[PDB]
Amino acid sequence: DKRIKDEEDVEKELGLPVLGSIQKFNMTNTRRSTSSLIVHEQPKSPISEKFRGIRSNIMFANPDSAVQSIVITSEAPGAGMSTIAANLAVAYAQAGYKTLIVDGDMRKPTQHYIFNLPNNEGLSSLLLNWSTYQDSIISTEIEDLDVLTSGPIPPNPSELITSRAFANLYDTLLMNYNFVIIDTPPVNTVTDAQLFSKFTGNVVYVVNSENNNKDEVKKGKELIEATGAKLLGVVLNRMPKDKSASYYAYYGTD
Amino acid sequence: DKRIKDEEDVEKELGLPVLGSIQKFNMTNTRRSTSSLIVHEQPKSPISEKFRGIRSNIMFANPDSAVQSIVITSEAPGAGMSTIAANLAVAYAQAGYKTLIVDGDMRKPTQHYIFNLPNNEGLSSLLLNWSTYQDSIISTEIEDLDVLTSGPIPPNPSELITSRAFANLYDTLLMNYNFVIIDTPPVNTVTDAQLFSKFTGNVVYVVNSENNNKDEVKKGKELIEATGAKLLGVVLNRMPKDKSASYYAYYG
Amino acid sequence: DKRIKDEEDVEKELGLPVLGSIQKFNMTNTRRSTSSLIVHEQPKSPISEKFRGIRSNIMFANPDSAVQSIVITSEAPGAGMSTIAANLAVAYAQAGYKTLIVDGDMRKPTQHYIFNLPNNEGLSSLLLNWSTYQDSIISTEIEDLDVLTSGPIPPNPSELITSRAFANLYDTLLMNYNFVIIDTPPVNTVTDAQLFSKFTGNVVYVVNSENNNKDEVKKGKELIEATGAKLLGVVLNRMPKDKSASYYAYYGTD
Amino acid sequence: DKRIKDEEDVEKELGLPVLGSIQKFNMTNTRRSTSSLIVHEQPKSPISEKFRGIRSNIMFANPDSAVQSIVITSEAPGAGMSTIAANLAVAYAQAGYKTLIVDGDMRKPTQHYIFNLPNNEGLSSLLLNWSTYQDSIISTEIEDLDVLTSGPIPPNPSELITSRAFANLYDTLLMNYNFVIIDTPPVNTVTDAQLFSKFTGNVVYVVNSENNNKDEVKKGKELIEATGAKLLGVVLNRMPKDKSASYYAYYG
Amino acid sequence: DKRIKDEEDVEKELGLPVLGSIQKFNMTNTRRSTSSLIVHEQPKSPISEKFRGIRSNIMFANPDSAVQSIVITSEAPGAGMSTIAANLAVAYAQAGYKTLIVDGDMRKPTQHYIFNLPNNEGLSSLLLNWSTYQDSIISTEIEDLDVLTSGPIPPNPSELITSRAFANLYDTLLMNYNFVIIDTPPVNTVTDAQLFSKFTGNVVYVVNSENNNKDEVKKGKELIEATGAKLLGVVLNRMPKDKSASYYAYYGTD
Amino acid sequence: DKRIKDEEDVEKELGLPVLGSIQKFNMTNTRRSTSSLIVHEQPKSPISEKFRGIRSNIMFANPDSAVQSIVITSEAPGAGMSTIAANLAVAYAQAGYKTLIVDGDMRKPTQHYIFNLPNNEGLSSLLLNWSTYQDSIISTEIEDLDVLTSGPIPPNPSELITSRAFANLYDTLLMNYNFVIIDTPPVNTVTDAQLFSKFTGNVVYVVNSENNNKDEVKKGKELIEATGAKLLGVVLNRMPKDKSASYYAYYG
Amino acid sequence: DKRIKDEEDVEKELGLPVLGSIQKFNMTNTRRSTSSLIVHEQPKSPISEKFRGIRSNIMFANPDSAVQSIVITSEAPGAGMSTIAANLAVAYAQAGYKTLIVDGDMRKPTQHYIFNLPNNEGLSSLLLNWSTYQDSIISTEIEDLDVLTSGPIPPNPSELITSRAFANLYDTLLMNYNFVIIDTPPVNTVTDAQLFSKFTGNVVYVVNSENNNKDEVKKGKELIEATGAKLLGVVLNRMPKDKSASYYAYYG
Amino acid sequence: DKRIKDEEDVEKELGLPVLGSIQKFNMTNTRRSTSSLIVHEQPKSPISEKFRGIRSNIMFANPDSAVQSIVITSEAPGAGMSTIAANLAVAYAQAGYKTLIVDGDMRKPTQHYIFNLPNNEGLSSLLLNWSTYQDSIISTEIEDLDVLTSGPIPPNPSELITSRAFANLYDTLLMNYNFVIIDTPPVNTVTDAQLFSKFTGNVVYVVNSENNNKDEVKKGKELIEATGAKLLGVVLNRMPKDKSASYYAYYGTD
Ligand SMILES: [Mg+2]
Ligand SMILES: [Mg+2]
Ligand SMILES: [Mg+2]
Ligand SMILES: [Mg+2]
Ligand SMILES: [Mg+2]
Ligand SMILES: [Mg+2]
Ligand SMILES: [Mg+2]
Ligand SMILES: [Mg+2]
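Protein chains in written order, with my numbering: chain R, 1 to 254; chain E, 1 to 252; chain F, 1 to 254; chain D, 1 to 252; chain L, 1 to 254; chain B, 1 to 252; chain G, 1 to 252; chain V, 1 to 254.
Worth double-checking, as some hints may not be accurate.
Derived CB-CB ranges, DEER-like [as the list claims (entries may be wrong)]:
#, chain 1, residue 1, chain 2, residue 2, range
1, G, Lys-24, L, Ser-163, 28 to 38 Å
2, G, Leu-16, V, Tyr-113, 45 to 55 Å
3, E, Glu-8, V, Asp-1, 55 to 65 Å
4, F, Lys-218, E, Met-175, 44 to 54 Å
5, E, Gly-228, F, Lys-218, 28 to 38 Å
6, F, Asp-215, E, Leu-128, 45 to 55 Å
7, D, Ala-66, L, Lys-243, 33 to 43 Å
8, F, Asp-215, L, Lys-219, 42 to 52 Å
9, D, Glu-141, L, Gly-252, 28 to 38 Å
10, L, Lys-243, D, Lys-243, 30 to 40 Å
11, R, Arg-164, B, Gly-78, 56 to 66 Å
Below, a list of computed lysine to any residue pairs in the SDA-like style, where the Cα atoms sit at most 20 Å apart [said to hold, decoys possible]:
#, chain 1, residue 1, chain 2, residue 2
12, L, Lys-2, G, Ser-244
13, R, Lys-198, R, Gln-68
14, E, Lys-230, F, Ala-61
15, D, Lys-214, L, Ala-245
16, L, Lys-24, L, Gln-42
Which bits of chain L does chain G cover? Going by a derived footprint, with three or more residues having C-beta under 8 Å, they are [what the hints assert, rightly or not]:
#, segment
17, 74-83
18, 146-159
19, 182-190
20, 221-232
Simulated from the structure, these hints should not be mistaken for lab results. Even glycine gets a Cβ: it sits at the ideal position worked out from N, Cα and C.
So here's chain R without its partners, still in its complex pose:
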């Protein structure tokens, strides 16, 4: 079966740059992590080093003006969006950006597990004014990283996104944070990630290398680009362990 796969495939099928490749987490490239927050728990690891790669290429993909927010999305469920988003967030934090990860998936949120946080209040309650700005965002044990978790599952998630309420939040967010990452649901599945892109204008696209359909990843791209926002590039996730390239190797007196 014909999927994408590796950096050449991306080039050929999507005509976009690969910002970085993660490597399906084994015990070598993560220095055995328990949680999937590799950048926090094993910061000198090759996979962590790839995240830093992505961080950089994001700032590089756009000179003249610093990019202060992204949507992370993909064509389909379980591609790694949530995982990419969190590690990337941590990377941003480590470099002294005041960093907000936002859980804009108000349908199957995972940020609150990843960072292991209560989800009584969050984006949804925030936008409905069920909860307050100070109470809804939490500061984590990771310096310079806050999380705005999804909040209760609303009945009308996409409509919450297209509201002055969100427009207003988003404006408030870019005043108070140097970098904003919005985790979203898959773009083929619900329109959510489109509407988030309309605000950010920059999208990072996660393609699950182990499992995808060439044409859907194609329609995801076209759905993002339809909003007019810039697709900064791709992160290939769940890449096979090579790891003869180096690229994947560990570098530092061991």
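We have chain R already, so just place chains E, F, D, L, B, G and V with the ligands on it with the hints.
Below, chains E, F, D, L, B, G and V with the ligands without anything else, positioned relative to chain R:
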């Protein structure tokens, strides 16, 4: 075998963007909805989610200035025109647009059946000046959706459309709704859809993937463009149930 | 034998749009009419619906300015010109245009049979000042439709057309009518339809689908275009009963 | 077999519009006319109708400004030059143009035979100043058609054409007629036609489909263009009687 | 052998127009002439009619300004130059141009035989001031035609041509004559015809159809064009009697 | 067999100029040098001469304005980065430029081994503000060459590079040296090299002809260009000893 | 078989106009001339006539402004340089130009043999300032032709050419002659011809059709163009005696 | 084996003009010289005549401004650089240029043998200020020719070249000399000839026809051109004795 079957066939045969695909209804993808007004019955079903997609990229398809009104048409009857019109209207309303749906099908209307409303007074009688504006538009149970039903079957539907009464009514509607969707008869069959199209300059074209003749389809396309209107794009209907297909996952 | 035929043929041979197709009148698409004035006598019929198609596409073929007059013509005798012209006239009437059909065929006039009217006075007597403006035009039992029949057969029909007399009439006609249809003789046969086109500038071309020669229809086109007037498109007439397309079908609770 | 046979062959061999086709006379298409001046004898015959066509699209072939004068010529004798000249003149007159036909064939004139007029005085004697203008042009039975006959065969026809007397006469004619048609000798044979052409800048070129050599034909074409004149187009003559062919129906 | 031949050959090899074709003088196309001055002695003949053809096409080859002088020349001896030149001169005369034929062949002059005149004084003696302007030009029995014959054979003919003396004569000639024809020697053989062209700027080129070499006729052309003067076209001479074309036929009640 | 082997393979695979080739060291081409700092040990050896070449045409590769600082990097470890950095620094100093070499490899530094210097204080501790500028840069035995060693292995090398302390330090360095060369870790492995590159806008890219994968090589190329930096060109390393090859004659 | 044989071969091999062809002398085409100065001995011979051709179209080859001076050269010795130079000079004089011919061949001069003049004083001694201008140029029997002979063979011919004395002399010559032709040594062999060419900017290039190597010939061509000079064109020499060939008729 | 060879090869491989070809010195084309200073010792010889060829083509390769200095260089040792340079220098002298040959090869200098001169002081000592301007340049027995020999072998030759000291010398040199030839070491071997080119801007390139590698001569060219200086052309040296061409022949009464 001459059918436009999928979004490739649209690209290739008509050169148009596909705004969304609606699959053939089933209990799963409608999430057990009991009518065809699925965006209202089962707001969180995949079929509904796809209507939000259409909603979304209708809006993107014309950046700088909003799209205020569309026509919904198709090359033939039974393609889903009325059903897509009604659902799309519900989706818009949920997005918080003051929406009107107009049954511009004064020959075989169905909006009164969709929204289970009376149809004594409506578009025709409004136009013939035999009923008032406020008497003719009804507010539904659905927040922010009004319906201007077709009214009685007039003897001259299309001549009513190009009358000065509809032009006045149309300006009036644009003062009073953020979004106006006009259901129509098929465009190959009678002009009506064309006339409406001239007023909206914006058309969503429904193609019933399950049963269509590709030549008749591009013919509806040329009949629309002739009006000067913009074809925002195609909606595919009755698509075959790929559901394999992360386009149609229940999430979650 | 190689004739035109159907919409594709028109496209290929003439490089012009088809404004509409009539269907050879049977009992189904006309709801049995006696007279050939289908738009008057069976207004909710598919053939009548096609005429309305044509009406529309005529107004569409020319934005910036409304088209207030046409010549209807064809390559050859018995193509349907006269029949198209009358039904179209009626369609225009039904839509509240004040509509004059003019019988500019002063050699084999048929309008006076179609509408069943006396032909003692008409265009020819009008132009010669044998008859008066008020007496020469008749109002029919069809609201908003008048007919100016041909008048007596003159000896010099084409010369009557190229006269200040006609220029003057034509000017008077566009003051008093919202829409003017001029029926003419075949353009391959006599120059008449050219000279009428020089005034109107818009020509509707009737091709008899059952019976024509590809090349003559071609020379008709070139003869019209030689006058500088716009050929708005084609009406294919006498089309075979398909009627699996729909396009030809009846639409409305029966 | 090297003949230019039909309007395709014109297009292809000469790149010119065909202003009309005249078929080989017969009782039907002349409607039993008793002379060759058919536009006058049998005004309503198909052959005549075709002359009205030529008339018409002579006029269209040069929009913005009228065409006031033409030359009629051909590559060879017996092609129909004189006959088309005379009929075309009648057609113009019926259209109500004050027309003059000039027999510029001072070698083998035939306009005096066509219009059965005397030929004592005429173009030559006018030019040599041996007869007056008013004495030389005659008014025919036909309303609005004058004929300036060739006059006696002079010893130097072409040198008369480029004389200052013809230039003066020519300006004079243009003051006095809405339309002036000059019949000429064939253009391959002697210059005369060329000289006239320089004065009219407008030429109708007759090609006798029944008998012609295609190379000699394009050669007449280059001989004309050399003058700077416009070739308004071709008239085909002696065409073979398609009559099947709604071009040549009697209507009616 | 490959020579030129007919009008098509000229087109192909020289890319120039044919101004006219003479026909090798027989008894039919000349109405039996004794002398080779056909235009004078049999003026209504087909060959004479061809000369008139040439006359016309010369005036036609150059609008904006009338062409008041030509050089007649060719690639090679006995092509007909002298014969063309004289008849053409006569044609010009007959049309009321005051016409000077000049015998610029001061090496094998023939004009004085053609017109049968004394050659004691002429161009050569004129330029050397051996003879006077009034005595050196003769008026012939042909109205409006004068001849300036060659004069005695000088030792330095080409140098006489490139002199202020000639420049001066030439200027005087264009004041007193409406048309000037200069007969010259063959352009491949001596430079004479080049230098005459530098004054006239218009050259008529005579190709002997019976006898020539394709490539030399080519070099003649290039030699003329090198002076910058306009080659108005070609006269094909000594053409075969066809005379089925007509073109060659006689036209006028016989 | 997928290696970039020679300057043809550079041209073809990467489209870049080759600034110089360094062959695999031997007693002849190093002229019996006892360390790898050959430009200093054996200033007149061919290998050294080739470093002067690189020096030279670094400078030509950017005419109008001098190149003040470069990054040295490569797609993989063991390619010669550190060695070319150090020698190139010596060459520059001999040319009389006040040169600084910065060990920007805060993971596996080797500049302290090359120049046999202590590495207690250096880039890291400077950046963390735990040691002073004058304490951190050392002046070597070599006239006009200072070395800013890596300092202790910090826990966060790349985050130190994009800190405001390095930006300040970097401006400071440019005030104080005519030429600054930054050794780095391989560019495929960790970002560091990219970050430095953004500051210099000038990169010399080392390709180890003896052992490399051509795809990984162009990948380092794209990783560099992404920064906006100029790739001045390639240095080939460990080239195979053509010495036949007047490129590598001992002259004399 | 690698020879440039005819004017086709010139066109094709060198892209140049042929100003004239000189055939191999014989009693007929020289008309029994007793020396090689044929334009003077036998002014009316075909060979002479052809020199008038060259004369003529030298002048045409540069319209707007006269050509005042040329160099005559060739790729090899024995090609006819001196002979064409001398005759061309005579032709010019007969045309009434105050002509000077300069023997710029101070190695193997022959102008003194052609014009049978003494050669004690001349170009060299003039340049070295060992003889005066008026002493060095001689007036020949031939009206309007002076000859500046080569003078004694100097030890440094080319260094004399680029001296400031020749520049002064050259300006002086241009004040004093309407036309100056410089004979030279072959251009492949020694620079002299090049130097002269820089002063005239005008070159006539002689190619000896009877014996030449086509590569050496285009090489003389590039050697000339290098100077910036105009190559007015080729003279072909020793052509084979077509005489069949109206180019070479005796007329008459 | 594939080397260059002859003038066509240069054209094909280098896309540059050949300024001249020397001929491997035998007893014929040198009139037997002992020393390799042919232009001095056998000035009327064919090889000497070729040098004069080069001289000229150098002045020709660059109009608008006279070229007052060159670097002579080549791809590789023993190509003839030094020999070309000296003879060329002499040629320049003979034409009354005040001519300095500079020995910029401070690694294997040969100028001092060629001209047979002491090498205690020269360029190297000059630049280090070990020696004076007046003492370091010597006037030879050849009128108008001075030599600045290399001086002692310095430890850092290339650095001496890139110094204000050299910049200053070079400036002083172009004030006092009409023409400056700098002999250099091979450009593939040491960077020296590049740095000399940066000052002169014009380079003459010597290719040893008997012995070279096509590709290295190619890299030499690219190395010169990298400095931005003009490569004026090539001198092919050590060319085979043909000498049927002529080009190589002797011209002058023998
Ligand atoms: Mg997710
Ligand atoms: Mg419906
Ligand atoms: Mg009719
Ligand atoms: Mg006639
Ligand atoms: Mg002659
Ligand atoms: Mg390293
Ligand atoms: Mg000589
Ligand atoms: Mg050397």
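- Hints that the structure is at odds with (numbers, increasing): Hint check: nothing fails, all pass.
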